[PDB]
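Once you've looked at the hints, dock chains X and G with the ligands against the given chain F.
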Amino acid sequence: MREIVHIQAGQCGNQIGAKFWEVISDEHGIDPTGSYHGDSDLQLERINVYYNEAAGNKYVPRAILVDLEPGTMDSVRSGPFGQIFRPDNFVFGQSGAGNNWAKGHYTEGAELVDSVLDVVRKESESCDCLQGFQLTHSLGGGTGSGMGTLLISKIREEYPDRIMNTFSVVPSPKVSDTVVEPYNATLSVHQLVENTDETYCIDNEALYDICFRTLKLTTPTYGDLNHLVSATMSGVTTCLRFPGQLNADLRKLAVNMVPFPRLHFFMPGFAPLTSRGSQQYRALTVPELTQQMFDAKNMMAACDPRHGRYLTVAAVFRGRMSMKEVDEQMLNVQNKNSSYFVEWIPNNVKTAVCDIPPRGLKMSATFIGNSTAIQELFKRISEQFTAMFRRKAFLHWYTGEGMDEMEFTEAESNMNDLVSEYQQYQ
Amino acid sequence: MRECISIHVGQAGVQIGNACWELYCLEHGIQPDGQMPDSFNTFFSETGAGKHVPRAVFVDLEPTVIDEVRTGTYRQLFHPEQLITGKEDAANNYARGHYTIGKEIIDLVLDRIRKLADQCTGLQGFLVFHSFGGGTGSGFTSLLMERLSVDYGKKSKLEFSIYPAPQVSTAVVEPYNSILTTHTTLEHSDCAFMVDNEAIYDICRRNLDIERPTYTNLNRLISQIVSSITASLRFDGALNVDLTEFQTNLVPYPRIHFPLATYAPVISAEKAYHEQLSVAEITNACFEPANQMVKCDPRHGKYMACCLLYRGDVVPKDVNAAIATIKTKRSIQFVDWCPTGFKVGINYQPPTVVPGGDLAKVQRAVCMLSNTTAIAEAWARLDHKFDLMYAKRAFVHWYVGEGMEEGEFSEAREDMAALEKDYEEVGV
Amino acid sequence: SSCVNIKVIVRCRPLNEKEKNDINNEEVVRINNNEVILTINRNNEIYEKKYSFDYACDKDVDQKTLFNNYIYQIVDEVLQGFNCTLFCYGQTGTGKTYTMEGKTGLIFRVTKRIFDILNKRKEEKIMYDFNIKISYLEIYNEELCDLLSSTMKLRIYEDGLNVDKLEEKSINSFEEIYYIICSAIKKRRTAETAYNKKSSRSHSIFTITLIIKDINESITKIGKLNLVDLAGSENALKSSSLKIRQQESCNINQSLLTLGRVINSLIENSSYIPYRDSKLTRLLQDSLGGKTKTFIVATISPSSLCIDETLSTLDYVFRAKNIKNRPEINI
Ligand SMILES: Nc1nc2c(ncn2[C@@H]2O[C@H](COP(=O)(O)CP(=O)(O)OP(=O)(O)O)[C@@H](O)[C@H]2O)c(=O)[nH]1
Ligand SMILES: Nc1nc2c(ncn2[C@@H]2O[C@H](COP(=O)(O)OP(=O)(O)OP(=O)(O)O)[C@@H](O)[C@H]2O)c(=O)[nH]1
Ligand SMILES: Nc1ncnc2c1ncn2[C@@H]1O[C@H](COP(=O)(O)OP(=O)(O)NP(=O)(O)O)[C@@H](O)[C@H]1O
Ligand SMILES: [Mg+2]
Ligand SMILES: [Mg+2]
Ligand SMILES: [Mg+2]
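In order, the protein sequence lines correspond to chains F, X and G. Counting from 1, one number per residue, gives the positions in the first sequence under the UniProt record's numbering. For the second sequence, the residue numbers in the UniProt record's numbering are 1 to 37, 47 to 437. For the third sequence, the residue numbers in the UniProt record's numbering are 11 to 113, 149 to 171, 272 to 296, 300 to 307, 314 to 370, 374 to 397, 400 to 490.
Here chain F stands alone, though its shape is the one from the complex:
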């Protein structure tokens, strides 16, 4: 019931997605062989949301792998739980966008995606009660962004009544990637806005800082950044995995998180998020979760809430917490920090509670929300982009693929509109 299909848009999606599945598999008691050997029926009651049931009492990750890099394919085939994952879902072409979104959307992506979609259709036709899709991709990358954007548009046309939940890596102020990152991001954002219902932005600098400083992992490798991202994704999916005092769902979040259709971007974080030595200096009570959840510096974003306004916050808790305990803390926060919440809503905090904690924590919680601080993302993309674009830097990469400059004009304008709405609510 309320099944989800996942898409791993290239290496971005595969590294994040792979960790997601390692975590989720552990949460459901799923062995490296795929067979279930867990502790409770609760692990099976909703396992079909994320896995395909099979003989041997096996649960196969319900995901599709998409890229133009066969090296990635082999790398994924060689990884953990690879023996479980259905071989039919390795949808890899052999070329690569070359960091050219148009090539990755209009041309190479255009051919690849119809193969991917035939797979998506077969996967969706294997579901009984499909609720939606969850896809992880980057904005400014090549094949990942191209295919991500392209699949989201085509999937939306085929499944207009399903949820489109997008997680993505977005441009940073210092730690950049491709030479045309701002072009690719500009093009991608424009196309994504009209098709995505819910999305979470990922700033690598924040992940690096949380690992470096918060977790005191002063060597914040990609594997550690994946912990933070997969932990968030896992957090978001709690409602489709385990029950509690206040049951919830993704549709409830949409109805109570997006007051206006364009305000669907999220800047997530979670708690407890500590190091190892620090385990001797903590108290896993709701007030602790609360302080971390509403800590502007604990979010996986450069979009520091102290420079914006919260438009809507969702506080999702896991573990046997007291509801008076939780309610008073949420109220205390809004009263103390009222200057940071939008005046349009006479309650800016949504609460949901799962009685089952994540493995290893007495208590935990996930904090997500939409804030006017988000405009910093779009301003960075726009400034980086407009500066390069006005010099027609790399323009030949796009016009050579048939892209009209008009496409960029429209995309830049779109981001200005996203910013304008954040400003209207601030």
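In short, the hints are calculated from the structure, not lab data. Note that the Cβ used here is the ideal one computed from N, Cα and C, for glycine as well. Where hints are given, some of them may not hold.
[To be verified] Okay, the calculated bits of chain X under chain F, using three or more residues with CB under 8 Å as the criterion:
1. 97-111
2. 167-178
3. 386-398
4. 401-408
[Stated by the list, open to error] Have a look at the derived ranges for each label pair, beta carbon to beta carbon:
5. G/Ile376 / X/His393: 54 to 64 Å
6. X/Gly365 / F/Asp41: 18 to 28 Å
7. F/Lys336 / G/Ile379: 53 to 63 Å
8. G/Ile304 / F/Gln426: 26 to 36 Å
9. X/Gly365 / F/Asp39: 22 to 32 Å
10. G/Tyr349 / X/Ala299: 52 to 62 Å
11. X/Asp76 / G/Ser397: 28 to 38 Å
12. X/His393 / G/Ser397: 31 to 41 Å
13. F/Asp41 / X/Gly59: 26 to 36 Å
What follows is chains X and G with the ligands alone, placed relative to chain F:
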């Protein structure tokens, strides 16, 4: 011979429902599997040799709510037909809950309710546990009230409705659901109770010494009131006031049918050894604003009608004195249009608490139910929350997009204004 | 430099056969010089509710009367070179599609008068060319579709806006226009439903671009005119296609919500108008407080069966009278 069928709708309706059934089961000694080692048929129909089954239907769109029920300790008690869900939640959106997807199980609920009704000989009516604003607890409530009005009509339509609190809430579109829920409710209900989640936590921590109460505590206080009000359907008393006698006498005007309530005494095990739990002290406690199940303050309104239901070791002479005592409390303002004093019922059956509970058992208890102008305070606060959200059309697109005309919100608002006016005019 | 108020007309429909057969107040709402007055019985109290418009048309007033007055004045302003928009509002079942066609209605009478006058202008001519072109578009299942093409790939982009790959046709004669309108209608997405007979499954957009060389100083005026059958306010259950007609109804109601929020934003003079959000309102960009002169056509029923719908309509429309713009001659 009196019979009652209940509906437990939405997660909360179901959780309260389960609590109410645990208590009803306890009160009569029925075992989890339906065996026992009569008036019992009011709630638990005999079904065959060795077994009785509770007369209820659990309703939602969330498969989870019922799946939890299906694994509970009474899964062997309820017939499987009594647990009904659709496939997708209302997303806390009245449009989905009432018009677009609430439709998925209307027939199934009607099937079960009609079968239960056909099995009754003295159905007094129906008792429903639902929300005053919250997805399927508004949605099905609206759908089922239309149907109960059509299929039964004359049978009692009595409900307990969960009230969003001044501060305690779970979502942000709750005032949209509430204004629509209330508008619909006003055209179908005979009588309903307002139940405030915040007030109930305050009672749990102040009266029962619960440092940090939760839903499992709030539900116990609710079940104490449910029991006392419906106790007279099944248990003998000195003053055998019928449930419909009670409603008839409590409602002087067709539009004033949402009483506020309390319960006394509410004590911890330690307080059980200190409190002077006389009939009069319990009665007096019932009129202190601090003890009410709704965050309203009676000193800002008038008491239109009130009934005191006494239980257990209570002598009518003690009661007459207790009532006389209340009559001297000049601080309690009664409506100028009602010279009539208190309606009093006295049940011989003592109250009970639930093992593993919180409230300590006492020799005497009183359930107080009343209609007052002061309730307008509750409604006004919901309207203030609504006006802000609505004016900004915040999230309105979700209601409209899921199957609603924007204009419906103004229709409801106009009626809420009438609702407030109705309490004011009877106060005046 | 001052903005001026948009204009509005309110028309009452004659009673339907169903409405005449049913027992109800046949004339719950009545019209005076411009006042629309409705009697309502609610919560056991009776109130008189009322709004004022610029123009009005009771059930006793036909299209011929409107032609010589309402259409007459609008068409002259279009021909003066004002950019103009004709748009409408009401609940489903109000009658506005009926009046667009006159099944002779607005698209035919307005266009005919324009072209009749332009033909008279050709007689006056006897470089005064009539560079006239038209298009028909519709928004169906939220996709703008080209009614003048063959066997939805329309990009909405900056001129004001322009549509990539939109077929446009030139005009030499009214007869050609007639054939074109008729063809566009045949290709139009419509339906018979439980209550209504000419369901508009799309927002039907008719645009005329009159590039007339009204030279002396060679001056060309472009009398742009936009007539749109904006879909009305619906209730799926009220009519009772699993999931398509419900989807259309919802998409339509969302479109209207958005238009409403745009109107309200314009009225409240916000620092940003969210017309940029919906494609409908983007297409209406210059009607929404710009250089295009606009008119509102609203339709209501005289019967008490539609009081809630009527008042909702009249309140929307009346409030909308606070919209102002700076209409200009496209020279
Ligand atoms: N948080 C994480 N960020 C990562 C990880 N791996 C890469 N990245 C970040 O993503 C960007 C590089 O993206 P990718 O390797 O995913 C580009 P992709 O393979 O999707 O397409 P190509 O252009 O075909 O390579 C950049 O910001 C990296 O710093 C990871 O494991 N965790
Ligand atoms: N008293 C009490 N209130 C509850 C309980 N559970 C939830 N609530 C209240 O119910 C409201 C939320 O509505 P729910 O019943 O959870 O929602 P639902 O009826 O399941 O509707 P959807 O989930 O939107 O389909 C809030 O006011 C909660 O505080 C409970 O066990 N006891
Ligand atoms: N003034 C009128 N006189 C006689 N018949 C009318 C009038 N107005 C509408 N009708 C009739 O009512 C039916 C039309 O509904 P219309 O087509 O008027 O509904 P509509 O508002 O366009 N509904 P919808 O298209 O769903 O938004 C038509 O077949 C018309 O002939
Ligand atoms: Mg790669
Ligand atoms: Mg629920
Ligand atoms: Mg029509």
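Against the structure, the hints come out as follows:
1. 97-111: holds (count 5)
2. 167-178: holds (count 3)
3. 386-398: holds (count 4)
4. 401-408: holds (count 5)
5. G/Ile376 / X/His393: 54 to 64 Å: 59 Å, holds
6. X/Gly365 / F/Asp41: 18 to 28 Å: Taking Cβ atoms as reference, X/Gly365 and F/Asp41 lie about 23 Å apart, which means the hint holds.
7. F/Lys336 / G/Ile379: 53 to 63 Å: Since the Cβ atoms of F/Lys336 and G/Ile379 sit about 59 Å apart, the hinted range of 53 to 63 Å holds.
8. G/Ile304 / F/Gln426: 26 to 36 Å: 28 Å, holds
9. X/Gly365 / F/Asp39: 22 to 32 Å: 25 Å, holds
10. G/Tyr349 / X/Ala299: 52 to 62 Å: 55 Å, holds
11. X/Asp76 / G/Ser397: 28 to 38 Å: Since the Cβ atoms of X/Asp76 and G/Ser397 sit about 32 Å apart, the hinted range of 28 to 38 Å holds.
12. X/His393 / G/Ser397: 31 to 41 Å: 36 Å, holds
13. F/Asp41 / X/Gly59: 26 to 36 Å: 29 Å, holds
Of the numbered hints listed earlier, not one is contradicted by the structure.
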